[PDB]
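Undergrad: Now for the letters of each chain:
Number of protein chains: 4
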Amino acid sequence: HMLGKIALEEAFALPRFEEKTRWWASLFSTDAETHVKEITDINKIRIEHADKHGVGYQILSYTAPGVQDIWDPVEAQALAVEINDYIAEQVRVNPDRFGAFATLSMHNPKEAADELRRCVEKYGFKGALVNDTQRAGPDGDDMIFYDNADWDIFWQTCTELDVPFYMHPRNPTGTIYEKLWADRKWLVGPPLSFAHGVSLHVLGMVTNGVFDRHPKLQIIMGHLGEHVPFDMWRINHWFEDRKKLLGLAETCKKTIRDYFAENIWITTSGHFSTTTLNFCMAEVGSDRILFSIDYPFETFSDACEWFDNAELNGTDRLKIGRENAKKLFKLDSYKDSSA
Amino acid sequence: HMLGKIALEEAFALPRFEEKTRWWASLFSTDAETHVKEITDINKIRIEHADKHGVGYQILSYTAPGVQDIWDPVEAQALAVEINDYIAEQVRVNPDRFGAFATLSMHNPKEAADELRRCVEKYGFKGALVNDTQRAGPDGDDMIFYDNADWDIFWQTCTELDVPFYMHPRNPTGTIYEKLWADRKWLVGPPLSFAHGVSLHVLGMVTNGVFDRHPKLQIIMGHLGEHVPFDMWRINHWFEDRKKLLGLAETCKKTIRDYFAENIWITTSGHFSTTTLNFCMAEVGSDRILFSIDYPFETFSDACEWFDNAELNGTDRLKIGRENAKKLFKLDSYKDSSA
Amino acid sequence: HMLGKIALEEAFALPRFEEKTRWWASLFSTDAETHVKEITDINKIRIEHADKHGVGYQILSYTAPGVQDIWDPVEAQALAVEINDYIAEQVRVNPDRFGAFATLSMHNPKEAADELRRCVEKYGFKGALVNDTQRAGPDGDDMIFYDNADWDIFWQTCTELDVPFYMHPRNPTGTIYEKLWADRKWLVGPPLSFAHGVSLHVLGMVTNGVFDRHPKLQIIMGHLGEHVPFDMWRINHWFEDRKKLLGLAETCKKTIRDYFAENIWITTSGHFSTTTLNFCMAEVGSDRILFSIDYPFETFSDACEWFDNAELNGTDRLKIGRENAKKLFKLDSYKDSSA
Amino acid sequence: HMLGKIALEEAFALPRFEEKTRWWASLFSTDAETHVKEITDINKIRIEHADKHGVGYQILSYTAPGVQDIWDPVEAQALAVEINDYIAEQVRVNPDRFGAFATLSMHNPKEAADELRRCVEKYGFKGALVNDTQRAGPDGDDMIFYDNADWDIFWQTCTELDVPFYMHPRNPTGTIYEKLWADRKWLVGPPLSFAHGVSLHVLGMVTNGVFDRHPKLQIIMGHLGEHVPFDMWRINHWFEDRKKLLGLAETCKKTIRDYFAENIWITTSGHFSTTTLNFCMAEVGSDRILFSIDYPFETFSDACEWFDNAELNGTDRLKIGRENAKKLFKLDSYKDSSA
Ligand SMILES: [Mg+2]
Ligand SMILES: [Mg+2]
Ligand SMILES: [Mg+2]
Ligand SMILES: [Mg+2]
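Note that the protein sequences, when read in sequence, are chains B, B', A and A'. A prime marks a further copy of an entry chain. Counting from 0, one number per residue, gives the positions in the first sequence under the entry's author numbering. Counting from 0, one number per residue, gives the positions in the second sequence under the entry's author numbering. Counting from 0, one number per residue, gives the positions in the third sequence under the entry's author numbering. Counting from 0, one number per residue, gives the positions in the fourth sequence under the entry's author numbering.
It is possible that part of the hints are untrue.
In this list, chains with the same sequence are indistinguishable; a pair is considered to hold if it fits within one copy or across any two.
Quick list of in silico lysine-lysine cross-link-like pairs, DSSO-like style, CA-CA up to 27 Å [unchecked claim]:
| hint | residue 1 | residue 2 |
| --- | --- | --- |
| 1 | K19 | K326 |
| 2 | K19 | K334 |
| 3 | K178 | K334 |
| 4 | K215 | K326 |
| 5 | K252 | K184 |
By construction, these hints were calculated from the structure, which means they are not laboratory data.
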C-alpha cells in the first residue's frame with residue numbers, strides 16, 4: 000500500500016564466499032538454496048521483491064559477521080576495500096533504488112576513518128554498517144570496541160561527513176561463545192545473543208562519553224533497539240538516580256533519553272510487532288524509528304505486509320516508512336519517494 | 000492506597016558481612032550508611048516502611064551475589080545453611096508480615112534439592128531465590144548453569160514441593176567481567192549486565208527443555224522479565240519460523256508464549272514504569288505479573304507510590320498487587336490480605 | 000487457530016420482516032442480497048462460517064432496532080413473545096452451537112421481567128439483549144430509559160436468575176434524529192450514533208445507582224465499550240474529584256473503575272483493533288473483555304482472522320476468546336470448548 | 000521541569016457576568032469562590048500559576064457556553080464584539096504571556112467571518128474558539144451547525160487568514176437536554192455530554208466535505224479528541240469498507256486518518272492520562288497533539304505536574320509541550336520559548 004519505503008538493514012555477500020554463506024545460512028535460514036541466491040543477488044531478485052512490496056530505496060550493507068570476523072588486519076582491510084568497490088559497481092545499475100553503507104575493517108581507527116571517507120567521497124555511500132566489535136588477537140579471540148578515545152578520530156570523520164553509523168550484531172565467538180552460548184546454542188543470533196552484543200556496545204558509547212565528544216554523531220540500531228527501549232525507564236533511573244551520583248557523570252553528560260532524542264535511531268528490522276512498535280513510539284518517539292527488513296534473513300513479504308497493514312496513524316506511517324530516513328540520509332529523490 | 004500488597008524480591012544480608020555489604024553498596028547505593036542499616040534490618044525499619052506503604056507481606060531473600068559468589072562448595076553450602084537458619088528465626092517475629100525464600104549453594108543438584116526441601120518442610124519457606132549461575136572452579140571463574148539434565152533432580156524437587164524458583168541476577172565476574180564489562184563498568188548491574196545474565200539463563204532453561212521435563216515448574220524473573228517481553232514477538236518468530244525447523248524442536252516442545260502462560264512469571268522489581276507495565280500486560284498477561292520492590296536497592300516510596308498511583312484497571316491492580324502472588328504462594332491470610 | 004471461541008453479539012431477523020431487513024441493510028450493508036440471507040439463516044450458513052473460523056458457540060439475539068422500535072406496547076410485547084418462541088425452536092436444531100438472549104418489550108418493568116423469566120425458565124436463554132431505549136409515546140418520539148427505581152423489579156429479576164443484560168445500540172429516531180443526525184446522516188450507526196446512545200444509557204445506570212441497588216448485575220456493552228474506556232481517566236476524575244463533591248455520591252456509591260471491575264463487560268464486536276484492545280486491557284482488564292463478531296453486519300472472516308492472528312499473550316487470548324464467557328454464562332460443554 | 004509550555008483551552012469570563020459564572024461553577028467547580036476569582040482574573044493569579052508550572056504562553060478564550068448560549072443574534076453579536084474588545088485590552092498587559100482566540104456569534108456565516116477577520120487584523124488573535132453549535136430559534140431550541148455550504152465563506156476566511164478553529168463543547172440545552180440528559184444530569188459536561196457534542200460536530204464537518212472544500216483548514220478538539228481516537232479503527236472501517244460504498248464518498252473524499260494527519264488536532268485539556276496519551280500517539284500521532292489545561296475548570300497543578308512528570312520520550316515531550324503549537328500558531332518569542 001505505502002510506496003517509496005526505505006529499508007536499510009539489507010545484506011549482501013560476495014559470490015566468492017559461497018562456503019561461508021552456506022555456513023551462516025545453516026544457522027539462520029530454513030531454505031539454504033534460496034538464501035544463497037538472494038544474499039548474492041543485487042539487481043534482479045532484490046528489485047523484484049522491492050517492486051512487489053512498495054520499497055523504493057534500499058541501503059545495502061555486507062552480511063554479518065563480515066569483516067568483523069577477520070582478525071588478520073591486512074586481510075580484513077583488503078576485504079573491506081574489495082567489498083566497497085564491488086557494491087559501488089553493483090548499485091550503479093539502479094541508483095534510484097539502491098545506496099550502500101561502507102563496509103569497514105575496524106582494527107584501526109584512522110584506517111577505518113580513511114576508508115569510510117573514500118566510500119563517501121568517491122562513491123557517495125550513505126554511512127557505515129559494522130557488525131559489533133572487530134575480532135583481533137592471535138586466534139581472533141580478542142574484541143575491539145569503539146567506545147574510547149582512540150576512536151575519536153573515527154567518530155569525528157562520521158560527523159564531518161555527516162553520515163550515520165549502523166551498529167549491526169555479529170555472532171559470539173571463541174571464549175565468550177564457549178562460556179555462555181555453546182550449552183544453549185539455539186539462543187545464538189536473533190533470539191538473544193545479537194541484542195546482547197549491540198546493546199552493550201552502544202550503551203558503552205553512551206557511558207564512555209562518545210556522544211558528548213561527538214554530539215552530532217548518529218548511531219542506528221536494528222531490531223527496535225536491541226532491548227534498550229524496554230529498559231529506558233530502568234536505565235534512566237539507574238543512571239540519573241544512582242550511577243551519576245557515584246562517578247558516571249564524569250564521562251556521561253546527558254540522560255539516556257537525551258541521547259535517543261539527539262543521537263540514537265532504531266529500526267524495525269526483524270521485529271514486525273505493532274504492539275512493540277507502539278511501545279517504542281512511546282519510549283523513543285516516532286521521529287527516531289526507521290523501517291527496515293533484515294533481508295534476506297527476513298522476507299520482504301513478512302516485513303512489508305506487516306508494516307503496510309499495521310494499524311498506525313498516517314503521520315507516523317509516512318515518517319517511519321520513509322520520511323525519517325529521507326531526511327537523515329539527505330535523499331533528494333528516488334523511486335516513488337513522494338508517492 | 001492499596002493495602003495488603005505482596006513484594007518478593009526483597010533482600011537482606013547477614014550482619015557479619017558488613018565489609019562485603021559496603022562493597023556492594025559502593026556500586027549500587029548512594030547512601031551507604033542507610034543501606035547497611037536497611038539491608039541488615041528485618042523487623043523494625045523494614046516493617047515501618049511496609050506499614051507506611053501498604054505492603055502486607057514480603058518474601059525475603061539473600062542479597063546478591065550471595066552464595067553464588069562462593070566457589071568453595073563446602074563454604075558455600077555451610078553459608079546457605081547458616082542463612083536459612085538465621086532468616087527462619089528472624090521472620091518468626093512477624094509471621095503475618097514475612098516469609099522467606101531458600102538460599103542455596105548451587106554447586107550440586109542433589110545438595111541444593113535437599114536444602115530446598117529442608118527449608119520448605121522445616122521452616123515453611125516459599126521457594127528458592129538464586130543469583131544466576133554458581134561460581135565454581137579454581138578461582139571462581141567457571142559458571143554452573145542449571146539448564147541441563149543433571150539438574151532434573153532439583154527441578155523435580157521444586158515441582159514436588161510445588162514452590163517457585165526466582166532467578167535473580169548477579170554481577171559479572173572474572174574473565175567475562177574483564178572482556179565485556181571492565182571498559183564500560185557503569186553498565187554493571189541494573190543498567191544492563193543483570194538482565195543479560197538472567198535472560199540467558201531462563202531462555203536456556205526454555206531451549207534445553209527444562210519446562211518440557213518439568214511442566215509444573217514455576218520460574219520468576221524480576222525487572223519486568225529482564226528484556227524478554229520486549230522480544231516476545233522476535234523470539235517467537237525466530238523459534239517457531241526458523242530454529243525449530245533446524246533442530247530446536249528436539250529439546251523445546253512449546254512456544255515461548257506457552258512457557259510464559261504456564262511456567263514463567265515476571266515481577267515489577269526496579270522497573271516502576273506504567274508504560275512498560277502496560278506493554279508487559281499485552282505481551283505476558285496481567286495474570287503473570289507480580290508486584291515487587293527490590294528493596295533496599297530501591298525504596299518502598301519509589302515502588303509503592305508508583306504502583307498505588309499508577310493508572311490501572313481495578314482488576315489488574317488487585318491481581319498484580321497481591322492476588323497473583325496470593326494464589327502462587329498459597330497464602331491463606333496475612334496482614335491486610337483482603338483489605 | 001483458536002478453537003471453541005464464543006461470540007455473543009450475533010443477530011438474526013424474522014423471515015416475515017424482509018422489508019425491514021432490507022431497509023436496515025440499505026444503511027449498513029454493501030451486499031444486501033447476501034445480508035438478507037445471512038441475517039435470516041440460523042442453522043446452515045451461520046454454522047458454515049463458524050466451522051471455518053473456530054467459533055464453537057454463539058449466543059444469538061434479535062437484530063436492531065428490533066422491538067425497541069415499536070412504540071405500541073401491545074404490538075411490541077406480542078412481537079417479543081413471537082421472536083423468543085421462534086428462536087427457541089431454531090436453536091434446538093444445534094443446541095451445542097447456539098444459545099439465545101431474550102428479546103424484550105421494555106415498555107413496562109414487570110412485563111419485561113416476566114418475559115425474561117419465561118425465556119430463562121422455559122427455554123434456558125442466557126440473558127437479555129435490548130437495543131437501548133424503548134420507543135414510546137403516541138408517535139414513538141419518547142424514550143424509555145431503564146436507569147431508575149421503576150426498573151428495580153426488572154434488574155432484581157436479572158440478578159435472581161443470575162443472567163447478564165447486553166445493552167446493544169439502536170438508531171436515533173424522531174426529534175433526536177432530526178435535530179442531531181439528519182444533516183450528518185453518515186454518522187448514524189457504528190461511526191458514532193450507536194456508541195453515543197449505549198454509553199449514555201450505561202453511564203446513566205451507573206450514576207443513578209442501579210449497580211448499587213443491584214450489585215450482582217452484569218451489563219455488557221459491544222464495540223469495546225462504546226467509547227467509555229477512552230475516558231475512564233476523565234470520567235473517574237470528573238466523578239471522584241468533582242461531581243461526587245456536588246451531589247453525585249447520593250446516587251452513585253463506587254468509582255467508575257469499581258463498576259467495570261464488578262458489573263460491566265465489553266466485547267470486541269465490530270472493533271477489530273489490537274491497538275485499541277491493548278488499551279482496553281489497560282483501562283478495563285482482560286478479565287472483563289469478551290470476543291464477539293457483530294454478524295452479519297461484520298464478517299466472520301474479519302473478526303476471526305483478526306483475533307486468531309492478533310499479537311496477544313496466550314493467557315488473555317484464551318480468556319477473551321472463550322474462558323471469560325464460559326464462566327459468565329455458566330456454559331456446559333460445546334463444540335471445541337476445551338480444544 | 001519543561002519550561003515554555005503553551006496552553007490553549009484556557010477560559011475567562013467577563014466581570015459583569017458573576018451570576019452566570021456562579022451558575023456554571025455550581026455544576027463544574029468544588030470551590031466556587033476561588034473559581035469566580037480565577038475565571039475573571041487575567042494578569043495576576045493566572046500569571047502566578049503559569050510561573051510556578053513552566054507555562055510560558057497561553058491562548059485565552061471565552062468560557063462556555065459563552066456566546067453560543069445566546070439565541071438573539073443581535074445580543075449575541077454585540078456580546079462577541081464586547082468580549083473581543085475586552086480581552087484584547089487585557090492581554091496587552093502581558094503580551095509575551097498571552098494571546099487570544101476570537102469569540103464569535105455563529106448565527107450568520109458572513110457576520111462571523113467579518114468578526115473573526117476583525118479579531119485577526121485589528122488585534123492579532125490566533126484563531127477562533129467556539130462552543131459547539133449556536134443556539135437559535137425563538138426559544139433557543141434550535142442548533143446551528145457549521146458543517147454545510149452556507150459556512151464556506153467562514154471556513155474560507157479561516158484558511159485565508161491561516162488561523163485554526165477550536166471546537167470547544169457546550170452544555171446540552173432545551174429539548175436535547177430534556178430528552179437525553181435531565182434524568183442523568185451528572186453526565187452533563189466532561190463525563191460525557193461535552194464529547195458527544197464536539198465529536199458529532201467535527202465528524203459532521205468531515206462527512207459533509209468541509210475539509211475537502213477547505214483542505215488548509217485546521218480544527219482543534221480538546222480532551223484528547225472527544226472519544227474519536229478510540230474509534231479511529233471503527234470509524235475508518237465503517238467509512239472505507241461500508242458507508243463509502245453507499246454514498247458517503249460523494250461528500251467525503253479522504254479517510255478519517257487523512258483528516259487527522261492534515262486537518263485535525265487534539266489537545267490534552269482535562270485528560271491527564273499517560274496511558275490514553277500513548278494510545279493517542281498511536282492513533283493520531285504526536286505531531287498532532289497539543290498540551291493544554293482547561294483552566295480554571297482544571298488546575299495548573301493537575302495538568303502540569305502530570306505532563307512534566309509523565310514518562311515520555313524527549314522528542315514528543317518537546318513537541319506536545321510547545322513546539323507543535325509554536326509552529327501551528329506561528330508564534331514569535333515568548334517567555335521561556337526556547338528554554
Ligand atoms: Mg541484519
Ligand atoms: Mg534484587
Ligand atoms: Mg450489533
Ligand atoms: Mg474547556
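Undergrad: Confirm or reject each hint.
TA: So, going through the hints one by one against the coordinates:
no., hint, verdict
1, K19 with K326, "neither (36 Å within a copy, 52 Å between copies)"
2, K19 with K334, "neither (33 Å within a copy, 52 Å between copies)"
3, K178 with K334, "neither (48 Å within a copy, 45 Å between copies)"
4, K215 with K326, "both (15 Å within a copy, 24 Å between copies)"
5, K252 with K184, "between (38 Å within a copy, 16 Å between copies)"
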